[PDB]
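Here's the letter readout for the chains.
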Amino acid sequence: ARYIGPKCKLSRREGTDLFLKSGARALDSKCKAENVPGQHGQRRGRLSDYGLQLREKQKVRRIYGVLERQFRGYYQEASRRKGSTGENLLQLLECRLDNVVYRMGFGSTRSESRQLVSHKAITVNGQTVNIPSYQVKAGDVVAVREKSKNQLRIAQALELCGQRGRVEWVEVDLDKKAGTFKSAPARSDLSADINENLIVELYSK
Amino acid sequence: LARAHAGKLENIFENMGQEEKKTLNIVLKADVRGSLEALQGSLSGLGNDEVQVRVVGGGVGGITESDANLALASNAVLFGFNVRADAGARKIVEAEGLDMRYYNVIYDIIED
Amino acid sequence: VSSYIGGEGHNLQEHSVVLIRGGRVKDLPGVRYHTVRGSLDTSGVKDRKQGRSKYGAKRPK
Amino acid sequence: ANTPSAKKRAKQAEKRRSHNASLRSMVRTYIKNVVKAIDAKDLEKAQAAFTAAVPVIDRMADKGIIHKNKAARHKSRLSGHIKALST
Amino acid sequence: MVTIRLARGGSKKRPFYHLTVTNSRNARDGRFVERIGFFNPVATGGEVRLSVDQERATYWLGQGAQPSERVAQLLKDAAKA
Amino acid sequence: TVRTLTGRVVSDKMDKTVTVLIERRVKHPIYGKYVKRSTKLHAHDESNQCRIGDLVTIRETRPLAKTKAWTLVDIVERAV
RNA sequence: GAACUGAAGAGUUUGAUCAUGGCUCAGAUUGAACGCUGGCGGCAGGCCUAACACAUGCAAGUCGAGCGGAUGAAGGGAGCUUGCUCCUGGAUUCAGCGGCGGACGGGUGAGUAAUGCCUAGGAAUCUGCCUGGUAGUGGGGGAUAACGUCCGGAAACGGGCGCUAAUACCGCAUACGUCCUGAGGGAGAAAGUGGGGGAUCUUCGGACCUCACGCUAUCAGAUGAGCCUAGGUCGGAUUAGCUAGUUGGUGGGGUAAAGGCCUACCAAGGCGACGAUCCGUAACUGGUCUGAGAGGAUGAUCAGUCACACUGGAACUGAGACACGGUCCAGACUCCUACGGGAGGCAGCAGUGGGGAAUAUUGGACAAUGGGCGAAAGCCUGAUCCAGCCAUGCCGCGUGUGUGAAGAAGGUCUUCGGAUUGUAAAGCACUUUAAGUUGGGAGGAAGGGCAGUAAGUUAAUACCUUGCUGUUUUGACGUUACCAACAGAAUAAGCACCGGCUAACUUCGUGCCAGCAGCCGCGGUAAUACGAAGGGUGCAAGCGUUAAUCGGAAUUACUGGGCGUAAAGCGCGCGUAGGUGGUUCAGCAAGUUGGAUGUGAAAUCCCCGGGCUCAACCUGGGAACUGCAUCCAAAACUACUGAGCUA
Ligand SMILES: [Mg+2]
Ligand SMILES: [Mg+2]
Ligand SMILES: [Mg+2]
Ligand SMILES: [Mg+2]
Ligand SMILES: [Mg+2]
Ligand SMILES: [Mg+2]
Ligand SMILES: [Mg+2]
Ligand SMILES: [Mg+2]
Ligand SMILES: [Mg+2]
Ligand SMILES: [Mg+2]
Ligand SMILES: [Mg+2]
Ligand SMILES: [Mg+2]
Ligand SMILES: [Mg+2]
Ligand SMILES: [Mg+2]
Ligand SMILES: [Mg+2]
Ligand SMILES: [Mg+2]
Ligand SMILES: [Mg+2]
Ligand SMILES: [Mg+2]
Ligand SMILES: [Mg+2]
Ligand SMILES: [Mg+2]
Ligand SMILES: [Mg+2]
Ligand SMILES: [Mg+2]
Ligand SMILES: [Mg+2]
Ligand SMILES: [Mg+2]
Ligand SMILES: [Mg+2]
Ligand SMILES: [Mg+2]
Ligand SMILES: [Mg+2]
Ligand SMILES: [Mg+2]
Ligand SMILES: [Mg+2]
Ligand SMILES: [Mg+2]
Ligand SMILES: [Mg+2]
Ligand SMILES: [Mg+2]
Ligand SMILES: [Mg+2]
Ligand SMILES: [Mg+2]
Ligand SMILES: [Mg+2]
Ligand SMILES: [Mg+2]
Ligand SMILES: [Mg+2]
Ligand SMILES: [Mg+2]
Ligand SMILES: [Mg+2]
Ligand SMILES: [Mg+2]
Ligand SMILES: [Mg+2]
Ligand SMILES: [Mg+2]
Ligand SMILES: [Mg+2]
Ligand SMILES: [Mg+2]
Ligand SMILES: [Mg+2]
Ligand SMILES: [Mg+2]
Ligand SMILES: [Mg+2]
Ligand SMILES: [Mg+2]
Ligand SMILES: [Mg+2]
Ligand SMILES: [Mg+2]
Ligand SMILES: [Mg+2]
Ligand SMILES: [Mg+2]
Ligand SMILES: [Mg+2]
Ligand SMILES: [Mg+2]
Ligand SMILES: [Mg+2]
Ligand SMILES: [Mg+2]
Ligand SMILES: [Mg+2]
Ligand SMILES: [Mg+2]
Ligand SMILES: [Mg+2]
Ligand SMILES: [Mg+2]
Ligand SMILES: [Mg+2]
Ligand SMILES: [Mg+2]
Ligand SMILES: [Mg+2]
Ligand SMILES: [Mg+2]
Ligand SMILES: [Mg+2]
Ligand SMILES: [Mg+2]
Ligand SMILES: [Mg+2]
Ligand SMILES: [Mg+2]
Ligand SMILES: [Mg+2]
Ligand SMILES: [Mg+2]
Ligand SMILES: [Mg+2]
Ligand SMILES: [Mg+2]
Ligand SMILES: [Mg+2]
Ligand SMILES: [Mg+2]
Ligand SMILES: [Mg+2]
Ligand SMILES: [Mg+2]
Ligand SMILES: [Mg+2]
Ligand SMILES: [Mg+2]
Ligand SMILES: [Mg+2]
Ligand SMILES: [Mg+2]
Ligand SMILES: [Mg+2]
Ligand SMILES: [Mg+2]
Ligand SMILES: [Mg+2]
Ligand SMILES: [Mg+2]
Ligand SMILES: [Mg+2]
Ligand SMILES: [Mg+2]
Ligand SMILES: [Mg+2]
Ligand SMILES: [Mg+2]
Ligand SMILES: [Mg+2]
Ligand SMILES: [Mg+2]
Ligand SMILES: [Mg+2]
Ligand SMILES: [Mg+2]
Ligand SMILES: [Mg+2]
Ligand SMILES: [Mg+2]
Ligand SMILES: [Mg+2]
Ligand SMILES: [Mg+2]
Ligand SMILES: [Mg+2]
Ligand SMILES: [Mg+2]
Ligand SMILES: [Mg+2]
Ligand SMILES: [Mg+2]
Ligand SMILES: [Mg+2]
Ligand SMILES: [Mg+2]
Ligand SMILES: [Mg+2]
Ligand SMILES: [Mg+2]
Ligand SMILES: [Mg+2]
Ligand SMILES: [Mg+2]
Ligand SMILES: [Mg+2]
Ligand SMILES: [Mg+2]
Ligand SMILES: [Mg+2]
Ligand SMILES: [Mg+2]
Numbered sequence: 002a003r004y005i006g007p008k009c010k011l012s013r014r015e016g017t018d019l020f021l022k023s024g025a026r027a028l029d030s031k032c033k034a035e036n037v038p039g040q041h042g043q044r045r046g047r048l049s050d051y052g053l054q055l056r057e058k059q060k061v062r063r064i065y066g067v068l069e070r071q072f073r074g075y076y077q078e079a080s081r082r083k084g085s086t087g088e089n090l091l092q093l094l095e096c097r098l099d100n101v102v103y104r105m106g107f108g109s110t111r112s113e114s115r116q117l118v119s120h121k122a123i124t125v126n127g128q129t130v131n132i133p134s135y136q137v138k139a140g141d142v143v144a145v146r147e148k149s150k151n152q153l154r155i156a157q158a159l160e161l162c163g164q165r166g167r168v169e170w171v172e173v174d175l176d177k178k179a180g181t182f183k184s185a186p187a188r189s190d191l192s193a194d195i196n197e198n199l200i201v202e203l204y205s206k
Numbered sequence: 617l618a619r620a621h622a623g624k625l626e627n628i629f630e631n632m633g634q635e636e637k638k639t640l641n642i643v644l645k646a647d648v649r650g651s652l653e654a655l656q657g658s659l660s661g662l663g664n665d666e667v668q669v670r671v672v673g674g675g676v677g678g679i680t681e682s683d684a685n686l687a688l689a690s691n692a693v694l695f696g697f698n699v700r701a702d703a704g705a706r707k708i709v710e711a712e713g714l715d716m717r718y719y720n721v722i723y724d725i726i727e728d
Numbered sequence: 063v064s065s066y067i068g069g070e071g072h073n074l075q076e077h078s079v080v081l082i083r084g085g086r087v088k089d090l091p092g093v094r095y096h097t098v099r100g101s102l103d104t105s106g107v108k109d110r111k112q113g114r115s116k117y118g119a120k121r122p123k
Numbered sequence: 002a003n004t005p006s007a008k009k010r011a012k013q014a015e016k017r018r019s020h021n022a023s024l025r026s027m028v029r030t031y032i033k034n035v036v037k038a039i040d041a042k043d044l045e046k047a048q049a050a051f052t053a054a055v056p057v058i059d060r061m062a063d064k065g066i067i068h069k070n071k072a073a074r075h076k077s078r079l080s081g082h083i084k085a086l087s088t
Numbered sequence: 001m002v003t004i005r006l007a008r009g010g011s012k013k014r015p016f017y018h019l020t021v022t023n024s025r026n027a028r029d030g031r032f033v034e035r036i037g038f039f040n041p042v043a044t045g046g047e048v049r050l051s052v053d054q055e056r057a058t059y060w061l062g063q064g065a066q067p068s069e070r071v072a073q074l075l076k077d078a079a080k081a
Numbered sequence: 007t008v009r010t011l012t013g014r015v016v017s018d019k020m021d022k023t024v025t026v027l028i029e030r031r032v033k034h035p036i037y038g039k040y041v042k043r044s045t046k047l048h049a050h051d052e053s054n055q056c057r058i059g060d061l062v063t064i065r066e067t068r069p070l071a072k073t074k075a076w077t078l079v080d081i082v083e084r085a086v
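Heads up: the sequence lines are chains d, x, l, t, p and q, in that order.
So the first sequence is numbered by the deposited numbering: it starts at 2 and just counts up by one.
So the second sequence is numbered by the deposited numbering: it starts at 617 and just counts up by one.
So the third sequence is numbered by the deposited numbering: it starts at 63 and just counts up by one.
So the fourth sequence is numbered by the deposited numbering: it starts at 2 and just counts up by one.
So the fifth sequence is numbered by the deposited numbering: it starts at 1 and just counts up by one.
So the sixth sequence is numbered by the deposited numbering: it starts at 7 and just counts up by one.
Please keep in mind that the hints were generated in silico from the structure rather than gathered at the bench.
Think of the CB as a built atom: it goes at the ideal place given N, C-alpha and C, for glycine as much as any other residue.
Treat the hints with care, as some may be off.
[Claimed, not checked] If you want a taste of the chain x side facing chain l, the calculated C-beta under 7 angstroms gives, among others:
1. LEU617
2. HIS621
3. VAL672
4. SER690
Using the sequences and the hints given, assemble the complete structure.
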């Protein structure tokens, strides 16, 4: 399945940016993002350790739009690997095909990139892949189907990716709308406020 | 279930209005669906103002263990119209004091 | 055995075929089982709209 | 039996049983003659019976009625008994 | 007798085969004495179509093992390559 | 070559056969303490030269009677 | 270079505290069931209960190149005349004898506590078909099925009377091996078919040569099986004695083979607190699930072994059976009957009734892999490969995307200002995954038939075997996987919870009622705990409840607990089996340690990879399987042996 519905409620509940709109105008002037959603928005209501762990895990899940069972799978495979499962989890989550397409800049949001992937418009190594979970390997050359390169959405999102901060680990050729995924980003490159140790503590229980 | 509830309501109201009745409980097993309804219709007006007959369980086919122990539970007379009992039903009937009878004409059932 | 009937109303009478499940009622001494609503002859509660899966109630629609 | 091949097999089995019983009895009586001659101390009769009985034992062992180790054991034991008796 | 045949693994519509030496009166996927290779009908990519251990095959042939028709064809196919 | 066992004679009242007791130490599977187990074997002694208490050695052969499949090879210690 | 790296606590006894101690909760798992809800696909799974009873179909046949026989086309034609008759031959099919197969493959877990299973070994055995060798396959005889006749029967079919073949059966000769015997010697086999042919003799029916198949004797090898030993394998002592073919010996019998396996004598032995006997329960293992591990629980699916085939016995045939769709005897239970008389065994695949909370189609094909027969085409195959049904499980994907503030209308709350539902909706603009329609379209396929060619085969360009060439021919699944085009946002969200444990709060009804509840506990007029409504929180084609196992439980404590007062030192001695042992030398190598070799099935779990667009799934190699057994070496400690010493 997939979460469909209001997307500014999640930002208000988590209390942070949690990029879910196109980012065109702003985030503050659409949802007054300083109250928790619902009737009792003004109450502060500090929360326990379990609440903090749950909020962190839910925040990560709500940013990539992954449900609970697939998150369990990702966590299990990350723990099975070597080298600090906490950062292996983000290493794994950054290699998803929809996330890669979003980073390359062919989609306004994660959901838009997911629909680009699902609707048979993205080819990974020169053949169509429509699974928004395909782990992109380093060196793969993602592209767009020639019959769909003149869609207004990709061109519109190209400049938005132009001004959002350089990722500096993928490359893109704009004329042919074709890019290369050099390598999965290091833990430093990602936002150093997602404290994954809370996730590890929550699941190891 | 709705019909059972409504019939229970009507029976409770009638019993409250009149008094009490003595019920003869019957388990009835026939061979064909057509005979069962005729037997049930004939066994409706046979009662009186103090004693009535109630079919606690019907069915089509031979007499089994389930209806035998249902008759045991309800203290009911077991009737088989053109049907027989298998080994389990026979065992249950012989072990206890259940009385079960065979008929091929409905008027024998009416007289009994 | 003895079973407990949940919900506000019920239609059980003599010789009613019922299904029972586990679960002890703390207040009643000797009651160790629960009657499943809406399975064989219990029909479940009516006019119930919150959590109406433990009481065998269809979706109001 | 239901399949015709089973009926045919049963008929053949009865035929071969009737055939085999006579041969088994032949071997048994030829051995019994030697044994009862030995029990009676009739030496010359014992050699006569042994020489009369060895060929039929070997023949019927070859035909498959009895196994060859059985025939070898019978021959060896009878020869040993006769040799001990002669002395 | 002792025969060399194919034991089917794989999955639905995607067969995989094990070259197996068995007593003839066993289930297709039951007891065996030795496996001496495999054969992949689909193969594709980096997979190999079939592989055979020559020494074991020759040893079992010299002991009187009787290959099946498909195995008889595959053995000389492997020898040719 | 051939594997043997060594034990002590505990009964010789049968004819041309003897009973020999063999001791062994086994580690307890869970508690880890070594405990003594024993075996009582019947060995074939053709010439009746064994007495109670004799330390003897035996080897395994084909069965010679029911519950008798061992025969002794040497007497290494004689009862006082 | 990897094969692992891993361990949380909380609530509840009191006015409060610390401890002890039980109860309960948070996790992971099912062959699950039930309630509410329900779009698709891939891969698996699906009577755990009555080893209860079974209607109807199918699940084991094949060989005419072993043998008689009867059905005998096409034709050569002839005759009369266009219809028929007949001679000649003869291509097909098989009721019967005969050879193989039916002991496999498939099902179930009743019995079994040891004649089973697991680990490691050994010696006294057999083994059809297969491979390699060696010696052969000579010559005769008597029967019999089928087939004609008579009788009997409701029929099934039975009985009596004559004739005929074989690779059916039985004598005789011969023996590289084989049997026994002592060297001396004696004993024991076979079967012939099909395709060609130069020469020789003939009735070119044939003999004869060759090839292929087959048959006999024996050795070796593989495969399978039988037998033996040691260790291990659930609970109970409120089960302490058990055993007379019983334990050993001799003579004999018997078996493929050792053996009280059997028998006649001789002796009085054998087993047991290291648990015999008895009672209850139960197929075992690889494995599975939990756990940081040590452990605990457990033997669905898959693989190995065992046992069973309505109940109790028994043997025959056979290389192999005490025989799952075979025989005989007895029993219980159904059924047919013309009343005299016979038949039956779904724990094979579908299916029915019944029992149950509960578990599916009277489907397709032998196309692929195997199995039986055949020489070869080929025939059979409910094995198998595939389809049908069921959210039963695991995995994946959809139910749209962006913009959008009059912060619309409505609902809800309010301090009546407003807040919230909420960019959520509407509006505006995009896209068509999956499903729908249409057109293309692999891979699972190796082979078989025919003709020619080249080698070898002999004695021979023949037949035959093999290479190659050319032509033809094969798919249940299947409207395959997949690819492309078309219209449109259209076809597709629910369940539980919100007092603490535990993430999520306010109103309105009701008033110790109705009710809730895993544990504390709520409800008697402002209930965040009952029932609704708004809001929110978790999951999501699922969500909850019930049942069950392990964890948390260090709460049976080996790792890893205790006994003055919380449970817990026998009233006190003596002493048997057992456990443990002051201090020196010397030896031995059972324990101990190190090494080598064999084994520890495959699958599964773990690591590195390879394929299906990903994953589940499949698959290559490795690691592991912590065990057992045999050899070699060491001598500190324990054990054993000899000699000491005095704490
Ligand atoms: Mg899912
Ligand atoms: Mg409960
Ligand atoms: Mg036959
Ligand atoms: Mg012979
Ligand atoms: Mg099998
Ligand atoms: Mg099996
Ligand atoms: Mg024995
Ligand atoms: Mg406590
Ligand atoms: Mg208190
Ligand atoms: Mg329930
Ligand atoms: Mg339901
Ligand atoms: Mg429902
Ligand atoms: Mg069963
Ligand atoms: Mg049943
Ligand atoms: Mg058939
Ligand atoms: Mg032939
Ligand atoms: Mg025939
Ligand atoms: Mg058998
Ligand atoms: Mg059998
Ligand atoms: Mg078998
Ligand atoms: Mg099965
Ligand atoms: Mg069983
Ligand atoms: Mg069972
Ligand atoms: Mg017992
Ligand atoms: Mg055995
Ligand atoms: Mg074993
Ligand atoms: Mg013959
Ligand atoms: Mg002769
Ligand atoms: Mg002859
Ligand atoms: Mg066997
Ligand atoms: Mg044993
Ligand atoms: Mg015991
Ligand atoms: Mg005696
Ligand atoms: Mg003896
Ligand atoms: Mg003897
Ligand atoms: Mg004896
Ligand atoms: Mg005992
Ligand atoms: Mg049992
Ligand atoms: Mg633990
Ligand atoms: Mg474990
Ligand atoms: Mg584990
Ligand atoms: Mg067990
Ligand atoms: Mg099974
Ligand atoms: Mg097996
Ligand atoms: Mg075994
Ligand atoms: Mg087996
Ligand atoms: Mg065995
Ligand atoms: Mg068996
Ligand atoms: Mg059966
Ligand atoms: Mg049955
Ligand atoms: Mg029987
Ligand atoms: Mg018999
Ligand atoms: Mg007989
Ligand atoms: Mg025999
Ligand atoms: Mg058997
Ligand atoms: Mg059989
Ligand atoms: Mg049987
Ligand atoms: Mg069997
Ligand atoms: Mg059967
Ligand atoms: Mg019989
Ligand atoms: Mg009888
Ligand atoms: Mg009977
Ligand atoms: Mg049956
Ligand atoms: Mg069945
Ligand atoms: Mg069964
Ligand atoms: Mg049923
Ligand atoms: Mg039922
Ligand atoms: Mg069901
Ligand atoms: Mg089934
Ligand atoms: Mg086939
Ligand atoms: Mg034919
Ligand atoms: Mg069929
Ligand atoms: Mg499905
Ligand atoms: Mg359900
Ligand atoms: Mg299911
Ligand atoms: Mg308003
Ligand atoms: Mg489509
Ligand atoms: Mg093809
Ligand atoms: Mg099409
Ligand atoms: Mg809270
Ligand atoms: Mg509630
Ligand atoms: Mg109130
Ligand atoms: Mg609550
Ligand atoms: Mg409430
Ligand atoms: Mg529920
Ligand atoms: Mg539960
Ligand atoms: Mg439980
Ligand atoms: Mg539970
Ligand atoms: Mg514990
Ligand atoms: Mg517990
Ligand atoms: Mg602990
Ligand atoms: Mg301790
Ligand atoms: Mg304690
Ligand atoms: Mg103490
Ligand atoms: Mg006290
Ligand atoms: Mg004391
Ligand atoms: Mg004291
Ligand atoms: Mg005392
Ligand atoms: Mg005492
Ligand atoms: Mg005392
Ligand atoms: Mg006292
Ligand atoms: Mg003392
Ligand atoms: Mg002592
Ligand atoms: Mg000492
Ligand atoms: Mg000592
Ligand atoms: Mg010393
Ligand atoms: Mg060692
Ligand atoms: Mg293994
Ligand atoms: Mg891959
Ligand atoms: Mg030394």
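Any hints from earlier that this structure breaks? Give me their numbers in increasing order, please.
none
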